[PDB]
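S.K.: Sequences and hints are given; from them, build the entire structure.
Here are the chains, one letter per residue:
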Amino acid sequence: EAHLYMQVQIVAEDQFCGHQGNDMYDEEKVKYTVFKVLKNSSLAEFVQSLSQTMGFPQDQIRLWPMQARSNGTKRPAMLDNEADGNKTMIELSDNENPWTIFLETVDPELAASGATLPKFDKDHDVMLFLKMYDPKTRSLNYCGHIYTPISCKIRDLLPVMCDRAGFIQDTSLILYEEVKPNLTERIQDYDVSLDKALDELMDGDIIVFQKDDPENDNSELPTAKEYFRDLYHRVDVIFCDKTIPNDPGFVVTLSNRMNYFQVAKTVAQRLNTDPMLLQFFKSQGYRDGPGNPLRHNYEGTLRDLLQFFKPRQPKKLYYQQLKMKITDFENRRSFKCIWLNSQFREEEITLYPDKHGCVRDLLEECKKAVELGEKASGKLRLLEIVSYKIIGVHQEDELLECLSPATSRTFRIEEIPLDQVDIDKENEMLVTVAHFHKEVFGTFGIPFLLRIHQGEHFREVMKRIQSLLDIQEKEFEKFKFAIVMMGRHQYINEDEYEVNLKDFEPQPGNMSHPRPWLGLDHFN
Amino acid sequence: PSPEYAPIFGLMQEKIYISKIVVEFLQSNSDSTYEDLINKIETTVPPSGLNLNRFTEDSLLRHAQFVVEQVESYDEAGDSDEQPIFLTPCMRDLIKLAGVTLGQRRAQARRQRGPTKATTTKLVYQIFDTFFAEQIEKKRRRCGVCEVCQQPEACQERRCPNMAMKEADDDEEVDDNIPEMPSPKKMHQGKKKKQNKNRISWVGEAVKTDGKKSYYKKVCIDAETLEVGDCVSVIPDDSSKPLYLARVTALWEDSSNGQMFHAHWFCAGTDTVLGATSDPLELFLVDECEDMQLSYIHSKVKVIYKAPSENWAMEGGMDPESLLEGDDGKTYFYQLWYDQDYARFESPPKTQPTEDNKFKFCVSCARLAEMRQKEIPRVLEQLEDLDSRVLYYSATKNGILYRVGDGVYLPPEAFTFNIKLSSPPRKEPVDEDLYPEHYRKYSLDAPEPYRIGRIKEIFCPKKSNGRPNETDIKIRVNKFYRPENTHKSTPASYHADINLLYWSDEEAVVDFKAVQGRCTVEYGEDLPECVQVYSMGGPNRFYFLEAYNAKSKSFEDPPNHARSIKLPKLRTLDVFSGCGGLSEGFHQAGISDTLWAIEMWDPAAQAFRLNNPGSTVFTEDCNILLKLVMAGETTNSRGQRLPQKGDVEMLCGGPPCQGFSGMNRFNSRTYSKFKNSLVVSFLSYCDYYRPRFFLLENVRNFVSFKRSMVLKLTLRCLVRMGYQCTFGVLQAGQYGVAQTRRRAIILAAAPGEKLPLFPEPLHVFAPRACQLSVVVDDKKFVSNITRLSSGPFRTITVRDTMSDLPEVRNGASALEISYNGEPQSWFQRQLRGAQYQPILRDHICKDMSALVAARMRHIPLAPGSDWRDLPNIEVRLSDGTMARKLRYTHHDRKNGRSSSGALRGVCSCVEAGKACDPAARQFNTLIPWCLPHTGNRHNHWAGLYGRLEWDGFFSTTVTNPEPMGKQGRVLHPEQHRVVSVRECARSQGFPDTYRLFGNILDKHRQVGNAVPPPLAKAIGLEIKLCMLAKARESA
Ligand SMILES: [Zn+2]
Ligand SMILES: [Zn+2]
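Residue numbers (the deposited numbering), protein chains in the order written: chain A, 560 to 1083; chain B, 491 to 602, 613 to 638, 649 to 663, 685 to 955, 959 to 977, 985 to 1105, 1134 to 1604.
Just so you know, the hints here were simulated from the structure itself, not pulled from any lab data.
There could be a bad hint or two in this list.
[To be verified] Here are a few chain A residues that sit away from chain B, every Cβ distance over 12 Å (derived from the structure):
| id | residue |
| --- | --- |
| 1 | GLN568 |
| 2 | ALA603 |
| 3 | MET625 |
| 4 | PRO873 |
[Claimed, not checked] Which chain B residues face chain A? A few, computed with CB under 10 Å, are given here:
| id | residue |
| --- | --- |
| 5 | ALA1033 |
| 6 | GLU1385 |
| 7 | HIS1412 |
| 8 | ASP1416 |
| 9 | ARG1445 |
[Said to hold, decoys possible] Pair by pair, the computed Cβ-Cβ distance ranges are:
| id | chain 1 | residue 1 | chain 2 | residue 2 | range |
| --- | --- | --- | --- | --- | --- |
| 10 | A | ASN818 | B | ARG1456 | 53 to 61 Å |
| 11 | A | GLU907 | B | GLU1202 | 57 to 65 Å |
| 12 | A | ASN818 | B | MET1169 | 48 to 56 Å |
| 13 | B | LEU1430 | A | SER1071 | 27 to 35 Å |
| 14 | B | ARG1378 | A | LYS884 | 23 to 31 Å |
| 15 | B | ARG1378 | A | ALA827 | 31 to 39 Å |
| 16 | A | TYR706 | B | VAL1050 | 46 to 54 Å |
| 17 | A | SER629 | B | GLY1159 | 23 to 31 Å |
| 18 | B | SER492 | A | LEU1009 | 33 to 41 Å |
| 19 | B | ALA1598 | A | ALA827 | 55 to 63 Å |
| 20 | A | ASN818 | B | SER1603 | 50 to 58 Å |
Ideal Cβ placement from N, Cα and C applies to all residues, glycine included.
M.R.: In structure tokens form, the structure reads like this:
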């Protein structure tokens, strides 16, 4: 019969002291007393059971069912123990569970002296709750509750609030009603009765009061209204570093009504860095992870950044620390290219030079980014390759805006190999080499530049090829060596030793159009 | 050939090949544009024999003389009644670009499938064959200087190409856009003749004795009995008018004047927009009634209210001879109420007479009384009284109730803010060597949107006697600051929501006549939901969060005293949808489920399939589909289930108007082409399926085609078909789009329904592109739009359309790239969506030629800059060829020489009466040769090669961007690329998740052709209002 029970959670008035937020208490920051009770048990049985279990007389406690209101608040409500005493709790709660009840008792130090629970007239009495705001410490102090006739005038309650809050008597007080979060309404007329003074008067409403004192204009929150405003927009954001995997991040309390500059300043303070050396990423919203990067000029608030989180979900925000100022970082051009290492292996790299810089600046960035040879030259170069053929070398003075935006154009950066750094210009010649299976169109493999001497024993070139490649010493044999020019190719016998530059240079004074190149045939 | 002469021989072969390609391409179709010609030329593969890389616009612009001569020679040999092949818009544009003189040499060649038929139903064929009767009823000489004109002896070989071109230009231009053309005056306002009848006497007694001089009767004798409800023909004073027919709504004897009778005039179809196309025996109701004497009674006429059948939905397709029974057409008859101010056809009003006015009620009288009482601004409820003013709680105006607390629209001149608000170089003479074309540079603005306020009190000033003066009502209004009007000024509104408002404390006093509408202004925190839902919840909804202090120029919290059904979706058939802009707009309106669609173009059908998984698309011509439906089949060739009778509920579409694109008076050839076009097929579709709602969209010139004949014939078909029809012109940019494209819209509602009103403008637009009026038969027709160059929301600019897109360079083809940034404006925020981690799609731009790339790289970034700022600087291109400097070899009298004394002419044509000198033309230059060659004749070609303005807008729809096209500027405002496919889609307002298909050009065409969904949504909302009303009626 588990479906026949319900959890009844009792909260006492001692839990009201110290609460700094809206309404009576924080749902998370509170200790309940939970009761597992049969749905068909009567309420009277429950009032008896609680009074006996917690050690009170049944006529010394009052039950105030915790009832939710339309405005989104949750306040104590009225329950009649006598008239309604024979009805079951499951019908009284209207299908609610857990069921919270405020227990109003007499102060045991004022109850041991003989006082009892005052009577309450539903038509003419009201239960007012009193809070005191202290601007100097910026905090709330719970000042208990009071029974008061609806028709009573505020002026007759002023002495009570004063001596009930520990104020010297006849102290001028500023009164507000905390109607709901972000709604604190000042009471302008103290000479009118409570009915007229308080719109939609219900049991459980709370009037906050503070001293009327000039010192408040030195406080950054002179009144309780501004206090509840700043509290309404306060939110705890968890900042996480995108570089650190699964970084739990640190939590900073900020205001929703905050722009980019203030947030960046705060985070930079809690990180001991210059605000400009940080780039932020909004969360992808449903998944947890870095989303769209934020520009430095973003004209928004924190709510826009946290808007796709549920109020239950943790609101995370990613970031990364920069080595350079955020504006220059936003004006960097993503340049994807291929880096050739000491092992003759291709690596994918992405650099962010200034969009207006030159090739020189790119090479300088790569030098700051990479390591050089053991004792090689230490000078790098930039090749432009199309169809696995080098279609150009870019001089370090070329403009970055002058480079082929086409996807067929591949930019390689490579350390000049030792036997290619300084060669002999009128004897040795660098020839372009590429692979191909069967016909010459389907190229593949890693193309390369090969040195060639003068009148050189073509089988020297084949033992050089074998020395470079280094596969087993048979599979080299199926390479078919050809000379390709404008699509034509003539195959050359390896043991004939036919070599000289003239059959590799184009016609006299010719550069602009394709130079003869070496072609290799085998299958991949 | 010899190596020295090899380039010249190659050029000659290139000339031959380009001429051949142009002539076959023009054989293929005769409606292509200049961009289509450029694409066809570029896509052509150069021959193996000729050593040419690829033909580009430079090749065409340098061979224009030869190719145009060859094309003119082609059509100069065989002459027919069909339009000559060189009058095609593409080729006319090409001739206008390069200074080619027409009509010389030619004839150098040395002696060298069916009309089809639209599957029109019986009714539409009847209407068109009926109008076939009147289409047979039937300055700018030859130039005399060109060779053909100078040749001795219009003749087929003597057709002056210049004359034909001027005639074609007149055909394309609107003749004529005269604003006044005064608004039509009231009809039947002239005097009427008096008739000599023998004897006239009452029958019976006075039916109603009002106690005044008026004693009402029922039966009169003028040699013929007349009762209440009988219709009388009256012959007016001869003013080229036919006999008038009016219903006698009341007859009475006056003790002071003679024998009286009140006549509610009918109106013949010839007097309406229907013109001569109307049936002579058909009439319409109007709001024109008048009391006269029975002395002008001429004769008795019998009219029939041809009410629609109870089974009207299924009456389509039936032979009208079967339903012709009986005694028709023999006597006059009426079926539709007509409003001439807005050209609206409605069902007859259902106002009902009261018992006291039963024998006197005039529907015109009741409607006029209701209209007069509704328009008068009156106050409703008194609240409190002062010595000088009296306070009220509510007021009414134009059928709208304003209480205290509702947001109110006010005209921009109603009041001014307390902020200072609007708070108030020249380069040196540029180097004419480095900027040799700056001299050609030289030597209305969009109004502010509606002011928005909040009522604090309604009061009336006490008169001298002390009684409140109800003639004038005063409003006290708390002003709301838009972010635009804040001290931050215009740059503040780049990222602010189009809806955001700032609460103020300054108060203004306005006259209640200045009120233009009610809008709901509300707080942000007191909202019971996210502000996005409230913004999208309903029209005219504004939200404010923080108040603005003018004196401190600061933002604070607003003071406390500032804080306060769904019908089934219609099944839709979308004809000629394309990529589905209209369907997407209706879906966003939440009123339509498009269950079918017709599109012959394969990529558009593929896009429709991708975007609408739950729909069937018939990629066959609509005539075959309609014929199959009539014949009774249930599956097509591929087995897709065709819709049948009653399935279609809303029929929407826009048919191409290529066949009848001319604007001269109709011709037998043109009318024969029209008679079997696609619009007649779409009308036949509406006839057969009898949809509840019918929507025709087209370009603006659809209204004035063939002297408004297409519009008149379509309206006649709709009226005969039993519908309620209206037409209007909508400016797209007023409905949340950064683009000026006027569209003609025809709306039709089934009998028993409510005819939808045209949507009101939302975003204020420049008045130069808001001429929504129409001229038909020397009459000015306006839509029911009441907002004239004003609106609630600010304008949408390019900066709000394409700013956030990541920078890409020319030739980009990466379909899937990352956004790399949060949206920076309201328009892009709405277009992207709510979930935020997508991949930006189709952000690609055309890979232009190297010369074009260099030219459009060297164009400066200053606003409004175009080719006139191009520097004549020798620049290496990407491919390696040389762009030589442009040389000046002549002097032009009309413009004079430069300050440095350098020549400014480019060709011998600058001198009057001098033919263009061959071999004086230059090509492959940074500054194009044709632009200074022919600037003087085309207003210096202003706007060519230009860039978009960050505060401006697109010139028109961009179907295929080209710098030298007529689609306006196409260069990106900052980057050196043309507008991308995604940028063009953003211009039309397409959601970023909308999927396209095909290559880049097909995607561009799909984006260009489709209707902007924000425009479709605004129309879709208006249709939903009438959906509500018809359902609301049920009680
Ligand atoms: Zn009347
Ligand atoms: Zn010329």
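S.K.: Need the list of violated hint numbers for this structure, in ascending order.
M.R.: 6, 7
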